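Full structure from sequences and hints, please.
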Amino acid sequence: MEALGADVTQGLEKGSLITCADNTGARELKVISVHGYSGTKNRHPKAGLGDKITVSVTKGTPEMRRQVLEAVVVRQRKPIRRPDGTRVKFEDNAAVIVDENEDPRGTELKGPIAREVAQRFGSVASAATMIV
Amino acid sequence: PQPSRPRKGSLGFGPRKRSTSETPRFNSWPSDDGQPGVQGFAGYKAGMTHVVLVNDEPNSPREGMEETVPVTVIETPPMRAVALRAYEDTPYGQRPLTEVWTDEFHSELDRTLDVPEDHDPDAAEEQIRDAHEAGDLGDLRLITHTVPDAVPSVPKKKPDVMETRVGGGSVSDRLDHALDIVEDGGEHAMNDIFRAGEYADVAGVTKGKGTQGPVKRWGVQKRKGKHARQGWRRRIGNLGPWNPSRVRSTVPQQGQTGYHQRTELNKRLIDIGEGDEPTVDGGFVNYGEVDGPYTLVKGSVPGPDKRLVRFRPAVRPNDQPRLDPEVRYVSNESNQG
Amino acid sequence: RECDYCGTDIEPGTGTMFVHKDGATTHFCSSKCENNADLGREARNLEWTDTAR
RNA sequence: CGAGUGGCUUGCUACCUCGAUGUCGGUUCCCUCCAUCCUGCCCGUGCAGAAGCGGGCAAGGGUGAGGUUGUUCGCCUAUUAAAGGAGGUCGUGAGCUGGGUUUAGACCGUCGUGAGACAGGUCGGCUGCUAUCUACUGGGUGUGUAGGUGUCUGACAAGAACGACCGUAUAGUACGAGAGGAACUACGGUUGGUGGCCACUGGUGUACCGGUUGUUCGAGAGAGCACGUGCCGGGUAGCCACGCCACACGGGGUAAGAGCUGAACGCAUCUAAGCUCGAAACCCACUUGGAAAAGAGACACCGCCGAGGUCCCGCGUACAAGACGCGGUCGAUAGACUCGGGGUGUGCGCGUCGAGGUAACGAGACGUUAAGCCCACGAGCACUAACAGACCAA
RNA sequence: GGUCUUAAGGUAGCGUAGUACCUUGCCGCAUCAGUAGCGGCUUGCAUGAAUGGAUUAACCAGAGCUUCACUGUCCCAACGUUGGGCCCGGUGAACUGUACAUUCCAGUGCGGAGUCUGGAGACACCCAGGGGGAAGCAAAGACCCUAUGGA
RNA sequence: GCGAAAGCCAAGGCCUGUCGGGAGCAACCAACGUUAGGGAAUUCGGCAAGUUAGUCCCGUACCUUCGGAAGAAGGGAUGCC
RNA sequence: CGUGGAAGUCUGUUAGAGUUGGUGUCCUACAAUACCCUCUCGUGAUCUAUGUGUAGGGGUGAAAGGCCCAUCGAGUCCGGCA
Ligand SMILES: [Cl-]
Ligand SMILES: [Cl-]
Ligand SMILES: [K+]
Ligand SMILES: [Mg+2]
Ligand SMILES: [Mg+2]
Ligand SMILES: [Mg+2]
Ligand SMILES: [Mg+2]
Ligand SMILES: [Mg+2]
Ligand SMILES: [Mg+2]
Ligand SMILES: [Mg+2]
Ligand SMILES: [Mg+2]
Ligand SMILES: [Mg+2]
Ligand SMILES: [Mg+2]
Ligand SMILES: [Mg+2]
Ligand SMILES: [Mg+2]
Ligand SMILES: [Mg+2]
Ligand SMILES: [Mg+2]
Ligand SMILES: [Mg+2]
Ligand SMILES: [Mg+2]
Ligand SMILES: [Mg+2]
Ligand SMILES: [Mg+2]
Ligand SMILES: [Mg+2]
Ligand SMILES: [Mg+2]
Ligand SMILES: [Mg+2]
Ligand code: NA
Ligand code: NA
Ligand code: NA
Ligand code: NA
Ligand code: NA
Ligand code: NA
Ligand code: NA
Ligand code: NA
Ligand code: NA
Ligand code: NA
Ligand code: NA
Ligand code: NA
Ligand code: NA
Ligand code: NA
Ligand code: NA
Ligand code: NA
Ligand code: NA
Ligand SMILES: [Sr+2]
Ligand SMILES: [Sr+2]
Ligand SMILES: [Sr+2]
Ligand SMILES: [Sr+2]
Ligand SMILES: [Sr+2]
Ligand SMILES: [Sr+2]
Ligand SMILES: [Sr+2]
Ligand SMILES: [Sr+2]
Ligand SMILES: [Sr+2]
Ligand SMILES: [Sr+2]
Ligand SMILES: [Sr+2]
Ligand SMILES: [Sr+2]
Ligand SMILES: [Sr+2]
Ligand SMILES: [Sr+2]
Ligand SMILES: [Sr+2]
Ligand SMILES: [Sr+2]
Ligand SMILES: [Sr+2]
Ligand SMILES: [Sr+2]
Ligand SMILES: [Sr+2]
Ligand SMILES: [Sr+2]
Ligand SMILES: [Sr+2]
Ligand SMILES: [Sr+2]
Ligand SMILES: [Sr+2]
Ligand SMILES: [Sr+2]
Ligand SMILES: [Sr+2]
Ligand SMILES: [Sr+2]
Ligand SMILES: [Sr+2]
Ligand SMILES: [Sr+2]
Ligand SMILES: [Sr+2]
Ligand SMILES: [Sr+2]
Ligand SMILES: [Sr+2]
Ligand SMILES: [Sr+2]
Ligand SMILES: [Sr+2]
Ligand SMILES: [Sr+2]
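For the protein sequence lines, the chains are K, B and U, in the order given.
Residue numbering for the first sequence follows the authors' numbering, beginning at 1 and increasing consecutively.
Residue numbering for the second sequence follows the authors' numbering, beginning at 1 and increasing consecutively.
Residue numbering for the third sequence follows the authors' numbering, beginning at 4 and increasing consecutively.
It is possible that part of the hints are untrue.
Once the Cα atoms are required to be at most 25 Å apart in a straight line, the calculated SDA-like pairs of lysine to any residue come out as [as the list claims (entries may be wrong)]:
hint	chain 1	residue 1	chain 2	residue 2
1	K	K78	U	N48
2	K	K78	U	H23
3	K	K89	U	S33
Just so you know, these hints were derived from the structure itself, not from any lab.
Right, here's the structure in full:
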């Protein structure tokens with residue numbers, strides 16, 4: 001994929017429970033897989049800010065609940081390094097559900113987003129109220 | 001069927017034993033292309049800081065923007081090319097033919113060598129030129145030594161001697177180029193060989209750690225779960241199968257880890273200067289204050305503070321040189337805190 | 004830059020930036036400041052802090 | 001239908017072991033095979049393209065995470081370039097585990113007159129030993145080569161030190177009616193592996209500083225104990241990973257294959273002689289080791305009454321003993337002192353305030369006070385200690 | 001089949017059961033995915049009424065399963081603490097020992113060799129290590145068969 | 001303090017749960033402390049560890065043999081002067 | 001509403017009794033059954049000292065073929081016995 005422009009320490013793993021930052025009807029998401037990732041023996045497949053991940057809907061409306069959808073990691077508690085050396089971290093771990101064309105499923109994004117994610121996923125960015 | 005997995009550690013840096021010389025020895029030199037010149041230099045590791053730079057890479061979207069880069073500070077005072085050793089091409093490889101020495105010797109070189117009192121430079125030189133005529137002259141290298149005395153933070157005064165190759169143009173021209181350098185007093189500097197922005201190969205003898213187990217030394221796993229409580233925590237599963245009935249040298253075992261020679265490739269020289277511009281407040285921890293000829297190597301450099309490191313023009317660079325990088329800022333913040 | 008907590012100048016190529024839930028951004032110059040901030044302490048009340056003094 | 005190869009399954013046999021070669025599955029760590037799953041290079045196509053299908057060379061590297069089940073096997077999910085198979089006493093219990101098989105207790109079903117049985121099910125049910133030899137990982141002492149110091153050489157040896165993927169431009173282009181949709185090359189990044197390093201972020205930090213509970217030293221001050229810090233907060237150096245740095249290109253020779261020239265065979269023919277090409281594979285390149293390479297090596301200087309070394313002394317860039325490195329007054333090697341640079345967070349005492357209380361008394365607030373206390377780092381500094389002095393040696 | 005063996009011919013219930021071979025039975029719940037667990041069905045290889053059936057509040061170091069919470073169980077390991085380990089003084093065993101013994105790759109041999117054969121490698125001695133081999137040490141195999149053995 | 005509980009301390013007893021010296025004291029082992037992000041992905045199985053916790057106030061489901069379930073659950077409070 | 005204070009009743013390392021898991025430590029042990037943490041019972045079919053009775057095809061047994069002096073699907077000693 002296109003460079004993020006930031007070093008990321010994946011703060012999530014397969015099976016992790018994160019926040020679904022949007023109005024799709026899905027409240028809590030469960031990480032199932034990480035797009036384009038291949039681990040090593042005994043390693044839990046890791047995911048971090050800027051990654052496209054397969055996801056499971058744990059909490060939310062009956063219609064959204066139990067569905068297997070794709071999402072993009074928008075925020076993570078574990079720090080990331082910016083080109084100027086500074087570290088950046090968020091209040092929570094969040095992702096936004098996405099379609100086949102990488103366009104946000106819902107109409108509105110909740111909470112802030114990373115500028116690096118915004119650059120990689122344009123249509124997701126052009127839906128963000130705040131970009132840090 | 002039990003998953004595949006790369007082995008623990010590399011079999012390319014063995015045997016993993018204590019190094020013979022604390023002074024690194026390059027086992028390879030750069031090519032003979034440009035003008036005649038010394039193919040290496042040396043200094044003493046001081047410590048680290050970070051620097052702010054302007055992106056030199058024309059292929060980066062961040063070209064022109066400020067970038068924070070980690071840097072190791074190395075005191076690189078002038079050295080002395082005390083002699084010129086010539087090698088001859090024999091059926092059993094290269095062998096030392098003769099050497100051409102000098103008159104001027106550093107006041108404290110006798111702490112290591114049995115300094116020459118009666119030498120014949122002319123005769124040796126002739127022998128070398130005769131071998132050149134015969135078409136048997138191998139390569140030309142200079143016997144060099146550092147001046148630890150020039151570095152306050154370094155305790156030793158006993159100089160560190162190391163042979164450095166001279167490559168460049170025609171053998172005839174670099175022979176003369178070498179001889180001239182030696183004649184004066186052999187005094188040369190980092191400037192003479194390197195330019196900020198070039199890629200160098202840094203060789204050094206790693207930080208010593210004495211004996212360590214397979215986990216640390218080879219990166220093997222620790223016993224997991226229930227296995228970690230039975231009486232085994234950091235011991236490998238087994239020393240090998242029933243057959244072959246012997247332990248293979250390839251299985252991760254305990255032993256000397258650290259204090260080995262390493263040659264780190266493609267190290268960018270961020271800046272070569274002189275003074276106290278890079279010194280940290282309160283002094284570099286476990287080293288001291290830098291105020292003299294130094295070099296700023298991008299990233300890490302093998303070895304502890306005070307250790308002798310060697311420089312050599314990158315033998316296999318991946319990028320094209322982006323000379324004299326613009327240094328917007330050099331951190332002087334204390335390394336304590 | 005200045006530390007949004009203690010108030011001293013943040014050494015360039017150092018520090019962390021905490022992004023609050025609402026999108027607010029807080030530049031910390033060190034772990035010490037972040038930790039005192041997490042204890043619910045307010046810079047003004049701490050004598051060693053450049054803000055207070 | 002016919003001919004075989006293998007020795008992974010099963011069966012057969014009864015050679016070997018019954019004065020015992022510890023089970024299945026799993027795990028961990030190492031090596032290998034190729035009948036190749038991916039990756040490289042190729043041929044064919046019912047090959048437009050894209051995506052496939054079949055075949056050839058090829059074992060360098062890779063082949064991962066999870067849900068049920070003790071399971072092996074297998075079924076299933078989502079990722080993936082792909083999530084290949086097999087051998088090593090069905091590798092691996094003087095390594096681990098002990099869920100299953102297969103002791104002694106018990107239940108159910110079936111069978112039995114019964115004791116009790118079951119190639120049925122089920123709950124419970126133990127894991128010994130101080131390594132002599134050999135083997136390997138690392139560390140020393142001697143002898144050989146036959147005075148010492150320093151620098152080298154390179155027989156050999158090891159490596160995967162690098163493997164793979166995504167994205168951008170090429171390009172909405174070639175191709176195609178359209179749908180759809182490549183490549184060469186150049187770039188950016190990711191993943192796995194590898195080696196190193198700690199400026200940065202992170203962890204530790206029973207160094208240190210602070211808060212504070214119970215109790216004891218009469219109170220105060222200041223302390224001990226509460227498991228090897230009472231607990232809570234912060235945390236330096238160092239050590240670290242979750243942090244940071246680095247890990248080609250190119251040559252040479254080939255395989256499959258594509259060809260040139262070319263005869264046997266006037267023609268034809270990539271082959272028979274000859275030649276041009278051509279794989280992630282081979283060799284070189286690169287990294288690591290390596291004078292014990294018995295052809296036991298080379299160079300330079302110093303020295304054979306003296307070069308040099310060991311002991312000794314102060315110490316670590318070193319370290320389980322040994323070894324290694326540096327300094328030793330012609331000195332900054334270690335300590336003290338003082339600065340600097342750091343940690344904590346405002347000391348004792350006194351003054352004012354303080355809800356109240358007649359007063360006694362009073363938790364606490366402010367000031368004095370960026371205070372007090374503390375530092376595994378640096379600098380200055382010969383004050384103290386590196387003294388005295390011994391021995392080996394061509 | 002629309003009685004026959006042998007007296008009767010399975011009623012209430014419960015049921016893929018700690019009983020169900022087929023079997024991971026089928027449907028549903030739950031999960032990304034559930035040979036598990038629960039509910040329903042149930043023709044039950046071979047359930048069933050003091051050989052007691054069903055059912056059940058309370059109780060349980062009893063067997064199985066699910067959720068919240070928590071966490072170094074794991075991703076993936078690091079640093080530290082105390083006692084050992086290592087070096088020195090003193091004290092001072094045991095296991096084990098046909099012999100020889102520096103081995104490695106192959107082969108051969110009673111078909112599982114440090115000692116045979118062919119090669120390869122190999123200067124001696126010592127310190128520390130984790131245990132690959134000595135079909136390692138410890139026990140005249142509990143398994144199985146045999147004995148005109150025992151209980 | 002509820003207490004013959006913990007923890008601390010007397011009286012009384014003891015330094016004889018009877019070998020020492022040394023090395024920031026390595027690997028490895030026994031006990032154990034702390035670990036960022038994730039949070040059972042580990043494993044036959046949360047085995048091991050951890051989480052919770054004392055007291056008062058509020059409040060409390062199915063079921064039930066009416067005893068119980070029940071400290072259900074959940075929420076609030078807690079010092080000193 | 002109070003009084004009352006029942007219970008093979010609850011919590012409880014009170015004393016005391018017991019022994020679930022760690023398949024930890026040990027396994028030429030401290031020990032021929034030990035150590036630590038964890039865990040169960042703790043007014044009763046309770047625990048415990050001393051005294052006393054039951055004896056080997058016999059006792060004793062809330063039954064495990066458990067126990068009867070480290071000895072039990074028939075104790076131990078000596079004899080039959082070479
Ligand atoms: Cl393990
Ligand atoms: Cl996955
Ligand atoms: K046998
Ligand atoms: Mg695994
Ligand atoms: Mg620092
Ligand atoms: Mg800082
Ligand atoms: Mg054996
Ligand atoms: Mg083949
Ligand atoms: Mg291979
Ligand atoms: Mg086996
Ligand atoms: Mg074994
Ligand atoms: Mg065993
Ligand atoms: Mg053992
Ligand atoms: Mg079982
Ligand atoms: Mg069982
Ligand atoms: Mg069912
Ligand atoms: Mg009846
Ligand atoms: Mg026998
Ligand atoms: Mg039998
Ligand atoms: Mg009989
Ligand atoms: Mg954690
Ligand atoms: Mg698993
Ligand atoms: Mg437990
Ligand atoms: Mg009695
Ligand atoms: Na053990
Ligand atoms: Na065959
Ligand atoms: Na096994
Ligand atoms: Na291969
Ligand atoms: Na499975
Ligand atoms: Na075997
Ligand atoms: Na075995
Ligand atoms: Na075992
Ligand atoms: Na096993
Ligand atoms: Na080639
Ligand atoms: Na019946
Ligand atoms: Na009971
Ligand atoms: Na831990
Ligand atoms: Na062994
Ligand atoms: Na009453
Ligand atoms: Na116990
Ligand atoms: Na008897
Ligand atoms: Sr060299
Ligand atoms: Sr070399
Ligand atoms: Sr065990
Ligand atoms: Sr063998
Ligand atoms: Sr082949
Ligand atoms: Sr292929
Ligand atoms: Sr099998
Ligand atoms: Sr099956
Ligand atoms: Sr295997
Ligand atoms: Sr078992
Ligand atoms: Sr039984
Ligand atoms: Sr059976
Ligand atoms: Sr079974
Ligand atoms: Sr493209
Ligand atoms: Sr289109
Ligand atoms: Sr204490
Ligand atoms: Sr050919
Ligand atoms: Sr020699
Ligand atoms: Sr019926
Ligand atoms: Sr032989
Ligand atoms: Sr040992
Ligand atoms: Sr007393
Ligand atoms: Sr004594
Ligand atoms: Sr702490
Ligand atoms: Sr689990
Ligand atoms: Sr699981
Ligand atoms: Sr509460
Ligand atoms: Sr009771
Ligand atoms: Sr058990
Ligand atoms: Sr013990
Ligand atoms: Sr035992
Ligand atoms: Sr424990
Ligand atoms: Sr109780
Ligand atoms: Sr007798």
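A quick look at each hint next to the structure:
1. K:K78 to U:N48: violated (29 Å)
2. K:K78 to U:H23: holds (14 Å)
3. K:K89 to U:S33: holds (14 Å)
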